[PDB]
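Trainee: Chain by chain, the residues run as shown.
Number of protein chains: 4
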Amino acid sequence: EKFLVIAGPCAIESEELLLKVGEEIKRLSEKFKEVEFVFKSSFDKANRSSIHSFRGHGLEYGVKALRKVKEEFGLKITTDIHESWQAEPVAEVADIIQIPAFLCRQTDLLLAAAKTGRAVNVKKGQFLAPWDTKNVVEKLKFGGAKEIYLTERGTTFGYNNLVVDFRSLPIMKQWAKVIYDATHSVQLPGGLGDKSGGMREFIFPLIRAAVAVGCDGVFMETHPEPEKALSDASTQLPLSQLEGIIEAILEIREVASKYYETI
Amino acid sequence: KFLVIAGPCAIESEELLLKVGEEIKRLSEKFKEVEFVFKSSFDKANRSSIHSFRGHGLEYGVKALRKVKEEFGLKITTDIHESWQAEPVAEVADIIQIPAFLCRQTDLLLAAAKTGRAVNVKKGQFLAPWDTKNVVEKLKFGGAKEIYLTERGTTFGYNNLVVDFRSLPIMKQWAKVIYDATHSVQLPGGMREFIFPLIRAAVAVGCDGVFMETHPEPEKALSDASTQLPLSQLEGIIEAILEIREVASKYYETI
Amino acid sequence: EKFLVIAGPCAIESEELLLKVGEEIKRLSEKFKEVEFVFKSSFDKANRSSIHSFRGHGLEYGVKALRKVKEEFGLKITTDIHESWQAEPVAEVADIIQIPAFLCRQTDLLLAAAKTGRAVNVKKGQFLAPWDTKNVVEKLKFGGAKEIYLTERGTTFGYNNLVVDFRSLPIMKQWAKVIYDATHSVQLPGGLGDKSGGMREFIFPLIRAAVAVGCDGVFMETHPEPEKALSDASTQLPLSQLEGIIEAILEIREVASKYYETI
Amino acid sequence: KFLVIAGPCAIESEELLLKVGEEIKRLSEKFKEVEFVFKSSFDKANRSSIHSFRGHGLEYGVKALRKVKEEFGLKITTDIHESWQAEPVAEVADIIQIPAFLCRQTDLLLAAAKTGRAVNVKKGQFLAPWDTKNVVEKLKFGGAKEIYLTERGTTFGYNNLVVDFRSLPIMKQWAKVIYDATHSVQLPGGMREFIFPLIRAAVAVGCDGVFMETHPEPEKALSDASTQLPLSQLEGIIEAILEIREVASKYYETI
Ligand SMILES: O=P(O)(O)OC[C@@H](O)[C@@H](O)[C@H](O)CO
Ligand SMILES: O=P(O)(O)OC[C@@H](O)[C@@H](O)[C@H](O)CO
Ligand SMILES: O=P(O)(O)OC[C@@H](O)[C@@H](O)[C@H](O)CO
Ligand SMILES: O=P(O)(O)OC[C@@H](O)[C@@H](O)[C@H](O)CO
Ligand SMILES: [Zn+2]
Ligand SMILES: [Zn+2]
Ligand SMILES: [Zn+2]
Ligand SMILES: [Zn+2]
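Residue numbers (the entry's author numbering), protein chains in the order written: chain A, 1002 to 1264; chain B, 2003 to 2191, 2199 to 2264; chain A', 1002 to 1264; chain B', 2003 to 2191, 2199 to 2264. A prime marks a further copy of an entry chain.
Take these hints with a grain of salt, some might be off.
[Stated by the list, open to error] In the SDA-like style, the derived pairs of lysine to any residue whose C-alpha atoms are separated by at most 25 angstroms in a straight line are:
| # | chain 1 | residue 1 | chain 2 | residue 2 |
| --- | --- | --- | --- | --- |
| 1 | B' | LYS2046 | A' | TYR1261 |
| 2 | A | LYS1229 | A | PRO1239 |
| 3 | A | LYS1174 | A | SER1258 |
| 4 | B' | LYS2259 | A | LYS1229 |
| 5 | A' | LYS1116 | A' | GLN1175 |
| 6 | A' | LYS1135 | B' | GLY2199 |
Just so you know, these hints were derived from the structure itself, not from any lab.
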């Protein structure tokens, strides 16, 4: 089956940043034809730790910026919603509607996404056990979703730290396609006080583990200059490193694939 | 004075709210040293199953809560799940409750602070005690004056919550602290036998109030059946925590 | 039933330190007659994180020093063993043989302690669930122990941190008398790298919680000048604060006692 | 070369050790790029129940292990539980294994280092990856030269272990790293279905070897029956990890 790579800047800092990343993602999609690329970027960071942190330029601007990316590069789009009313307008551009991790149990939000007819990708809550995603998928199916994804992004492990329990990949695979979030799984929740931390040195090895265990895709936040990002500056992957990372997981996926268990 | 938030988890019917409201009114008259607040949700917006009980809607709920405030003169509190609900709910709710999973949703916190009402934020199971400082700041920024942080357990492995009582003194640095005695022993996706023991610990450690879900027949509750405290046991537990508090308060640490 | 207070300096830095603490503990035992005091001190810290940390002056010296405390003040004694052969010599002075937390599953050590006829106190491993102490007690009973204690000293919670799950007190009470370790439950395992850390500001509130829930005793490491201790300098309680702490828990115990559940 | 430590959990009988030893010898001849090491415990000194199988003693055990080293010429490794056992065990063991619960017992580590043999320390379920630096230092202080750190999971709530693969690159800074594929999925006080998936992750991430308990009929094993890998599946898993390693090694990070 076609491997999915969801990537893009964490936040829509501007329509310019988007076109810049989109240009590179378009180039890679032409090279890695066995991969289905989906451009990602949040029109709003509605759950920052600090009131003083960057949130975004609003739904309107964001959707417009995303529509430009899709229009200019012919790339599929995904973005997250935070309240029910946003599902309708977002669905006009987003091929995949993403549900934030803290909101994976909010029934109305899930239902709002499902009735759009668009694919839905739920970030697994840091508080959720892998077997408890079965009910999340059931809610979506009840709401009309026909294409559902569950994203692994780490689990609460003591304070300000997340651990990735790779047993979750084969467990969740029982009810939906599984995506591994390579960048948020290494972030340190509220690590820097007013903001969260992260250890970029573990992004690559954990992503190798993910494809070796077996998943249907990977999620990676990338930025031309991470150190200047308005969000996830500690975890966003340098855009120049994207191609190499993708080639690597495709290679590991291929060699490991024959051993993937039948779920 | 010491705060006691109690009531049925979900508004199964105004009828149910009135029965519980009667007992809470009685206790209110018996324990003048305690500020009672009646609680009940008009919607369980985060049930694990799509087939579980959610409620009768915001209007029916706000109505029933009004019946309790009018008939018994008890303060009110209920939780909201999306920004638009803040204004209508503030009509009856003295304290607006923020669900644990939503403790980081900026607009919900702002929408709550804007109503002018008091705001009680349930500490997310994923949150560290010191990370609540930023939650308080959001509310202050939004105009909130009466701010509460409620301890309801922290994720400890899968389908389990542990109460790190170190959180009480830490959170007290920036807000009043409430201990949720019923949800802290729940097993995500609980054991009633631990409710009382842990509530005794909370007051021995030191908090500004306790939160307890109570139902005439928990066994029949349409929500949190395994954790709701039987109505008839409420009085005894309150008397117990007041006595322990009276003695322990002498040692509560400053700031 | 008579409440137990196990206290003393973490390590036997010298026979002088022992007599100094013993003197104060003796004074308190005369005041708090409803309390059974047991003087504690390790002849060896056999599990320090660093090879460069203080261990002790040997079994011989330690036993001799402890015997002096018992002889001079008429106080019961307790100390921990690390290998089976130590149970016999230690039992000649120790009224209670303590089993280190990391060794709570070592069958021969438990058996060695039990056959001495002395009481045995097992520190619950940071890796052990409360219901799993049932088998630890079974091993001791099998080995002949007639007086058994289980000590709560925290559970692994993420890295370098311990949390106290007070649900453990009533659970363990089903099979043995329960002791709450007020000082080790707040230590930060390997927190300072070469050594562990600790937050003394939480010692008192957590001990209040312990007696409110209900236990059969408390364990507290105390030192004349904690900042100079050769071990647990971050967690050892100043000797001058001991009396006040004890009075406080006795008061909270009394008022909470009528509500203690029948196990 | 890549290390593969395998064998039956407990020395149920020299007979059993010989059957497993035969298959491991065969694989040894088939995979010359791999250094095989035969493992088995002469005593399960930390069983949860007093009524569980421990073993036939140190002498019977050391004898059987000698039979394997002599009859098949395979290197040997077994674990010790008290200092006095180091010397006698070193007579046959090429690698002395330190139990996870005992990874902080200084005298056991020193007693092991003193034998001159290689030492493999199982990382305690209570230990952080960076805390193993001090463990290595103790061994070096004791004269140890060949030092291994084995990842076997970390306490994650009650009766559960999680493998934080970030530990591999961290521990590699000061020692060779081995991934324990069978105990990492055990449920303290496990699921065989996760053994292979996680072992694939270990090699994709990068380690110096893997540890696997194998038994002709795990179902009948007197120890770790729920986690021991069936002997017949060993070859396939080894071939699989060699292939994944071959491809992934290109990306293993330096130091
Ligand atoms: O830096 P802070 O403000 O904590 O924000 C968290 C972000 O990392 C964000 O992308 C997170 O994954 C959202 O919940
Ligand atoms: O998982 P279920 O049983 O739906 O539980 C819902 C409860 O956790 C809920 O009532 C609680 O008050 C909110 O999280
Ligand atoms: O300071 P380190 O060396 O880590 O030693 C740990 C001590 O706190 C010790 O008393 C511990 O409780 C023993 O295991
Ligand atoms: O709890 P039981 O079943 O005795 O388990 C023992 C195993 O954990 C043991 O063989 C393992 O290798 C050591 O800890
Ligand atoms: Zn992001
Ligand atoms: Zn409830
Ligand atoms: Zn100590
Ligand atoms: Zn084993």
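Trainee: Indicate, hint by hint, whether the structure satisfies it.
Mentor: Against the structure, the hints:
Of the pairs offered as hints, the one joining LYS2046(B') and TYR1261(A') is violated, with about 39 angstroms between alpha carbons and a cut-off of 25 angstroms exceeded. At most 25 angstroms may separate the alpha-carbon atoms for a hinted pair to count; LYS1229(A) and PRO1239(A) meet this at roughly 11 angstroms. For a cut-off of 25 angstroms, the pair hint linking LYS1174(A) to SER1258(A) stands: about 15 angstroms separates their Cα positions. At most 25 angstroms may separate the alpha-carbon atoms for a hinted pair to count; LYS2259(B') and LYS1229(A) exceed this at roughly 30 angstroms.
Pair hint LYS1116(A') plus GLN1175(A') holds up; C-alpha atoms about 23 angstroms apart against a cutoff of 25 angstroms. For the hint pairing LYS1135(A') with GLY2199(B'), the CA-to-CA distance comes to about 20 angstroms; that is within 25 angstroms, so the pair holds.
This entry does not satisfy hints 1 and 4, going by the numbered hints stated previously.
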